[PDB]
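Student: Use the sequences and the hints to build the structure in full.
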Amino acid sequence: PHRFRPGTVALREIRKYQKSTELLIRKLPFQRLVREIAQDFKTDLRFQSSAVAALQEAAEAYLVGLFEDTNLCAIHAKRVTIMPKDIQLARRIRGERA
Amino acid sequence: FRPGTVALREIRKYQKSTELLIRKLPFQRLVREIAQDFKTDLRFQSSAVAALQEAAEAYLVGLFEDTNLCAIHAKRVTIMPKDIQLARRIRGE
Amino acid sequence: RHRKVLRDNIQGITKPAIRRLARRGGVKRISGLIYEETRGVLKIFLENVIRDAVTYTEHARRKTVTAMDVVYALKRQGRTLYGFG
Amino acid sequence: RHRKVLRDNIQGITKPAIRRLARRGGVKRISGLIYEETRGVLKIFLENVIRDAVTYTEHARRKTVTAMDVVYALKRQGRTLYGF
Amino acid sequence: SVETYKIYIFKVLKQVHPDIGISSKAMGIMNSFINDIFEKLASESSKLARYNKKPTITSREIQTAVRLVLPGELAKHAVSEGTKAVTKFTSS
Amino acid sequence: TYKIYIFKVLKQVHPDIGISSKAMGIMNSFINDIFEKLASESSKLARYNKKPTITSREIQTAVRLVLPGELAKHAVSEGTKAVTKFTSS
Amino acid sequence: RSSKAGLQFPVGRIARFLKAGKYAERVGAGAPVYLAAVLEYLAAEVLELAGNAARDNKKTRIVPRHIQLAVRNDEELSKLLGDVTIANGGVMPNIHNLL
Amino acid sequence: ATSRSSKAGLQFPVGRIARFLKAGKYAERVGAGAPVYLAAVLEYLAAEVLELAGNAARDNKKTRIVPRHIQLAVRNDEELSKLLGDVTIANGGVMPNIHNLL
Amino acid sequence: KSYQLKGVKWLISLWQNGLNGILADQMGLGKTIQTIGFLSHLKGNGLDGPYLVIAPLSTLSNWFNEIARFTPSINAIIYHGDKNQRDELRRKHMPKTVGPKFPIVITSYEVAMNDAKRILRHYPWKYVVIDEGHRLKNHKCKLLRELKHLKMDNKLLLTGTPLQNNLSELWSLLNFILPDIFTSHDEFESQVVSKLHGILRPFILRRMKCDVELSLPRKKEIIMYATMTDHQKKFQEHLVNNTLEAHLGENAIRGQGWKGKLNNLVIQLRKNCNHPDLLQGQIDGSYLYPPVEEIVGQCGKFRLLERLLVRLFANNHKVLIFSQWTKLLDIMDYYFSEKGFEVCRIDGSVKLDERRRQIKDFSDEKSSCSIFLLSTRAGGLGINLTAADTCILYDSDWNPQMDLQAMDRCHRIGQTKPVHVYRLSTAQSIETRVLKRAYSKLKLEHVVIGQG
Amino acid sequence: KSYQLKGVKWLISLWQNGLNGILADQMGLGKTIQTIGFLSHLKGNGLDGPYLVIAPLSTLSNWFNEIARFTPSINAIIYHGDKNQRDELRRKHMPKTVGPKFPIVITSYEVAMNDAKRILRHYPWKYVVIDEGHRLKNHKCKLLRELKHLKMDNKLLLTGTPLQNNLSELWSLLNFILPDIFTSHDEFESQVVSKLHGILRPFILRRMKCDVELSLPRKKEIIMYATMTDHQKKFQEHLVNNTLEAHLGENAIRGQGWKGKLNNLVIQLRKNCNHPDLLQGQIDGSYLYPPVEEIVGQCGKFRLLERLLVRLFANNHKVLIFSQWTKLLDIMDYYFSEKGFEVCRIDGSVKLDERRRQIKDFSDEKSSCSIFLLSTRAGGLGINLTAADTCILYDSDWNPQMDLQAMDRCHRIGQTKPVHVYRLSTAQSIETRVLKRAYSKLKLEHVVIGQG
DNA sequence: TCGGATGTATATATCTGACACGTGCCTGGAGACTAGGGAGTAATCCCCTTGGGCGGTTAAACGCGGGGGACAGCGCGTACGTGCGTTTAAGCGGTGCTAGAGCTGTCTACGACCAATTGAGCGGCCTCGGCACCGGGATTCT
DNA sequence: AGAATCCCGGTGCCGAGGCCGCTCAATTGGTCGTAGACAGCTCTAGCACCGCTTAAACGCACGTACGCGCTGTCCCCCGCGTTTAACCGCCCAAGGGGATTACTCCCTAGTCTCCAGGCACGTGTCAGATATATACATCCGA
Ligand SMILES: Nc1ncnc2c1ncn2[C@@H]1O[C@H](COP(=O)(O)OP(=O)(O)O)[C@@H](O)[C@H]1O
Ligand SMILES: Nc1ncnc2c1ncn2[C@@H]1O[C@H](COP(=O)(O)OP(=O)(O)O)[C@@H](O)[C@H]1O
Ligand code: BEF
Ligand code: BEF
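Chains as they are written, first to last, in PDB author numbering: chain E, 38 to 135; chain A, 41 to 133; chain B, 17 to 101; chain F, 17 to 100; chain H, 58 to 149; chain D, 61 to 149; chain G, 18 to 116; chain C, 15 to 116; chain L, 203 to 392, 415 to 676; chain K, 203 to 392, 415 to 676.
Don't take every hint at face value.
Here's a subset of chain L near chain B, in silico, CB distances under 8 Å, partners left out [what the hints assert, rightly or not]:
id : residue
1  : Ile423
2  : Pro426
3  : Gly509
4  : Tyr511
5  : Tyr513
6  : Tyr558
Hints were generated in silico from the structure; no laboratory data involved. Where a beta carbon is used, it is the ideal one built from N, C-alpha and C, also for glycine.
Tutor: This is the structure:
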């Protein structure tokens, strides 16, 4: 058996996913999610197929932006691991809900 | 008194008041020098310099109280210039 | 007794996909409690945007959320998006 | 030899004032390197606002910065100011 | 020469707290708040009429300006009260 | 759309580079966004002074307010050069 | 006019303001009525909270501090006035992990 | 019948800009130099972004600009990254950034 | 077999003029035999060449079986699966060298479509034969695009129902089977009936169930309505009006505020008319199947099935059951399995080789698994069940020709016992609307038959 | 002293009718030596009741000194300073009980204004006496508001120049010294000259320098212009056009891009005409004072001062120097101190008791500190310098009466040697503009004197 | 420090499906007159920002203990990364069915424009008490 | 101990509330184009269920290295007291500057008349994609 040391296959993933431009969530569960969410405000709705695409591509650019600064909170605290504390700090000094 | 006990006196005293914490004349002199590099021979209304100080002090107080969340997140009580930079990094400035 | 039993659509955002998003964000290690925090902070974002989009739709007397309703809802909340009209 | 030697206006914001601001922020201990960092972020913030408040004044052909130019300059930057 | 909302806010305050009065600084704060909200709702109504192709600002798009500008539980009351007035205005 | 004109400008700076169908959509969106930012800033500038006309001084102040420093400094010169050539020539 | 509607705000002045600012070409008849009702509602909800904060301090006249406290307690108003600074308005008292 | 653009020496449509300024009624009247000024500014900004994007495409040894190149050019430059601070170019991606062991 | 000898006389003829043909032989008449007969007629006269057969998954198996029983030795091979198909590709025979060992290539519509590249390389195919022509009845289907990449010097189409929906399916096929008379201009047929019979006499070849053999006993297709019970009426109104998601939401054990399924009320009314449990079990999101196990009797159509079946066990002749969905067949299975009946079932969810052995067991006369659940498209095409004798179509719609192909499954050369068909339905209901639509579609079908 | 005996005859009279008066006695005589005489006239028998005296800091000292030398025993006390004033307040004497030990209360305008509360409590003051009436020439000055809180049953005003600027200062005083003359209607004076002399004969009491006794030989006020040198002309043009902040910025050792001091030119071109170093010292930090020490000769007005002074050392009679600012006196001191002359100086920056002893030393005839720098408002009011003999006004403006009060400083009862005055100035310059304005102000002053 | 497992990095091809003209009109340009007024460029009175001073009096600056908080190091053990063998399930083809978006045609009601009123509000008169504002003593405190 | 603090009597005074004479705003009544809502026809997408592939998700086992706690050292920040100098300051003065109103012009409205653009649709020509192949470069463990 030939194993890699912990954290070397993670760094080639960072390089892999920071060169591509693809859309990283499965398309059907995301649509079911947005339909479930919209099922409250109005019932029996229809979604133009290019609107769920706009939603998905607006929602991942938000999570990618939140992760790259919950990772500044972890390095400020002398770590390399992210916990929910970092997300809450980042969201609270952004005012996302404060 | 022991180190750290008349500080909390100051946190309590200054969070009740409403008055201005920077002296007026040096602040006026500063805002006048940092406008000489946009437009020479400029005058200010007296209410224009009172409005700049109200906004600047509010900005600094608001920045100090999330600079303090970063220091506590790192398990400290002392604010360091590293904390201000983390706070401004995420707010976008 | 047999039947199907469905799963919370929010559970359809799987752990591998969240790890992929974190990798694109630059993260090296993930704690095991991140996933239920991310699942909850995605729902809030979607609720806000969809609540604005449906309001735009119902103003037009339409029954189909379209692609400007979304782009207008996004531009209103500080999030300008290029590439959809 | 015995003449007027001036100082950078930047200093008129004194260490006690910065400590009062930090105390109203909730801070308990302050390092000694905070003062020159605060004194530098304040200038950046202030010269971002004065630059727009003077542009709003040059348009109107005035020579006096009024309290309304400053309010508009602050509203341009996402912060609203009630009461003037 | 200078028109404000002083009379109307004062009358509303006497309607809410019959005995409390208000100073001048707070009165200015309240005047500014009303101007801010008016500007917000009006600009959103104009822009939202512009998204559709209509040159008229009716009441039903003061509805949706309110639903976009006001948050949650605040709007659900305001909207209701608005409808109230309009009914009492027309079936009068 | 502005696509025609956008293409012209490209053939002035890179006579041998082309553009993908999606990149032209991006450029169209960018032009439409900037135009509306500038035209609304000019509207506010005119309303704050109670004037009913948007001349080429409202556009200049809108450019100074909207574009970042070094970018605005060059946009102003381009525009004033255009207006001078328009009226004089 | 604006006595037939049960409002306390001026519908006529609101309409003058709406037609002066040239937000559109034509202004309907229910628009100033609607906009004047939703302004007195917000004024009435801020003033009640401010008066309540006045009553606790054993005061009979509201001051800017009372508006500040009333806005920063309630969740909806603080969300609406999230970037406003009430002049001469202090801060909401709070201390973190210490005596 | 010379067009306004040729008189102004531009490549953008001065007349179509003037119509767009009228429609929407941003105000009541519109001067004769406003659309010329606005078109000149729009052309300037377009040429700025397109030049940076073309350089980025040559750097990647290509000859056709795609969204990735616009993303690279915008988020490398200073003033453009300030201006387009909070915009999402679609089908672009973030630039490489690894910090510390992470 | 005489007809089948006229079936091989006409495909040897087609081979001659260099023409292509649509073998629309009656379904249930032995079309497949004839095919391997033509394939032996050529197999040994210097007609060695790349030969390719494409068909539905279910039939591929039956075909191999038939080869193993009718023809003494036809080099043949079933190219089914992926990655495991790569080895047999070469342990098949030389790459392009065609010898007396080059084995007949049998593939599926997926395989053919997904990896045409592999077979694209092969020589002009002597004869590509497509078992179910109905698959290509759309002229924009991706299979058709990928099927043109093949270099084919001859084509052939097997079917039993050439036209089902309208004339445009006839149009798309023609262009394919025969690019010669394509006429991509809406066609000129639209007196004219005779003019169409001039173009179509040359290729189309159809027979009939009556043919000559008195061996074929006749069948009886009879509609036996049922009366919608009270509870179903309550469910139907709460939908015709509304607040069903809530009146039933009164329980809503799961998925609180269950999404108003107020889409195509018709469908959400057909599901009711099938069995109300379908609409109940989602709103409530409960786990336990019918609690009393008898509430199943609340469904009127269920109760008419039960009594029919008790009277048909009085004789024991094996039955056949068809449905449109698979949730409903599942309810049925639950119900009967509680009583204890042994059932066999082949829907689309079940695997291929798994379903092939189930038949091989159902076909075992000694075994007493009389009941046989079977969904329409699931396995209503290509399966011999001479063992069974009666077909019950619980529900079927939108295309009448879909149903027929099933009835024949039971009724096919070798079925000695006379066949009945029981198209159940509910009187004065959404079902009758569909029934009438189907009659309309048939009306068109009978105008087509007069054409014949 | 006869005049001073008519000075005490008229304030005993004022005491009688119950009237209030403006002792506008000529400056440089009597006044002080007249006030304490009236104060002994009443301290005898009439006592002091609560008696309060307010005056400029410089005079308070001279007054104590005079008391210590003219009156044998007048309980008196100088209430100067803060916090240390609290102890002497009670170690003064009983609180309100006025006895033969109740000491005369001497305060300053700051003390009086800042803590009137303390003295507000005291009884109706028998006589409040304000040394320099000019302090109250504005009717909105905060001192006046705080001076009314005192319960005063009598008022008195000492001055030597009642009106300086215009008639409204006469208006504000009247209302104060005598509220019987409220006349808060712009006054009715505006032939009329005689009508004004009817109102003012009753209170105002003015005498002259000539009076009767020869005493002080006539003085001579003479204007000796100077020719602006080349360098000053260069500075003036770069100021009148522009780019001075930059041409001089060519050096700009400190404060890079030094703020354009383009404040109407008036605030600057005079500074040039005083000495160009003032401008150079700011645009460029120049920590070192003109090191050449002959660059001071570039100033034409400086060179005319130097030669004048060399010719006035030929006799050694002590000089007096006045200026408007304190930077310029500083330059002068630097210059002379380099040569070695011993100088004494009292501006507003120096402290009170410190400046009092400096005089006591300057007044020492044996000591050879002949030169005496002195800024106008600094110490141009209340100081006896009989030791000196010549006054040089480097620069003074905006109010001519400001200058006169200085000249008299040297020229006052006891000055035996005849006095000269040298108002230096630069010909054809901004200075002449001011000179003419001053002449205009005097013109008004002489129309006022004709009134007298 | 070598030698090996792979991982990315260069080079062969095909293969789309997109990029690249071409055309043909229709709606928007530009051009020419006329009208009204909206700026433009004056002339005047003022309230108002801009220097000196000058005191002066808390606040700032400086210095000195001395402890308590930051930071480094060390040990333990627990939770997360790597790789492998199933299991869904998304992700594709095919099959249907109205539903709801888009445009046009037609009339009735509704909002801009304009005359003649008149009672709302705004700027400026007074007047009194709810803010403060001071000492002066009982109570916590660490 | 020696240090911290609220409440309760004593203090003014000037800003909030009333009054007001008013004049220009908002109301009532009229007229009238042109927007509304409706109505109808067309027919282009959302969607809705079922059947196959294969790629991705999921579970699992090990092992290790990173998080977290404990201890020690030292340095720098805090609290206190003295002395200096600065902001909140009283006064001085000129020119400024800022919102006022003036005939005057020319510069934007429009109403129209046609040449001109552009946008849509119909075709090819790829070029950057992708897959197989080949080195050239790097983690890894000993
Ligand atoms: N010529 C024949 N010889 C022998 N058996 C036959 C013949 N034709 C039909 N059969 C029997 O009848 C069955 C049904 O015929 P089949 O070829 O399967 O029909 P289909 O045309 O539907 O494929 C066959 O499987 C076989 O058992
Ligand atoms: N009556 C007098 N008796 C003695 N010496 C006098 C008399 N009058 C004036 N002097 C002298 O002349 C000086 C100047 O008079 P003074 O009273 O100081 O003038 P001022 O009126 O300016 O205060 C006195 O200090 C004193 O030396
Ligand atoms: F092969 Be047959 F059509 F069942
Ligand atoms: F006291 Be005097 F006026 F010098």
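Student: State for each hint whether it applies.
Tutor: Going down the list of hints, with the structure as the test:
1. Taking 8 Å as the C-beta contact cut-off toward chain B, the hint placing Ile423 (chain L) at the interface is violated, the least distance being around 45 Å.
2. At about 50 Å, the closest approach between the beta carbon of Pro426 (chain L) and any beta carbon in chain B exceeds 8 Å, and the interface hint on this residue is violated.
3. Using the Cβ-Cβ criterion of 8 Å, the hint placing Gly509 (chain L) at the interface with chain B is satisfied: the shortest such distance is roughly 7 Å.
4. Of the supplied interface hints, the one on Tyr511 (chain L) holds, with its beta-carbon coming within about 6 Å of a beta-carbon of chain B, less than 8 Å.
5. Using the Cβ-Cβ criterion of 8 Å, the hint placing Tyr513 (chain L) at the interface with chain B is satisfied: the shortest such distance is roughly 4 Å.
6. Hint on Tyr558 (chain L) holds. Least Cβ distance to chain B is approximately 7 Å, under the 8 Å limit.
In this structure, the hints that do not hold are numbers 1, 2, in rising order.
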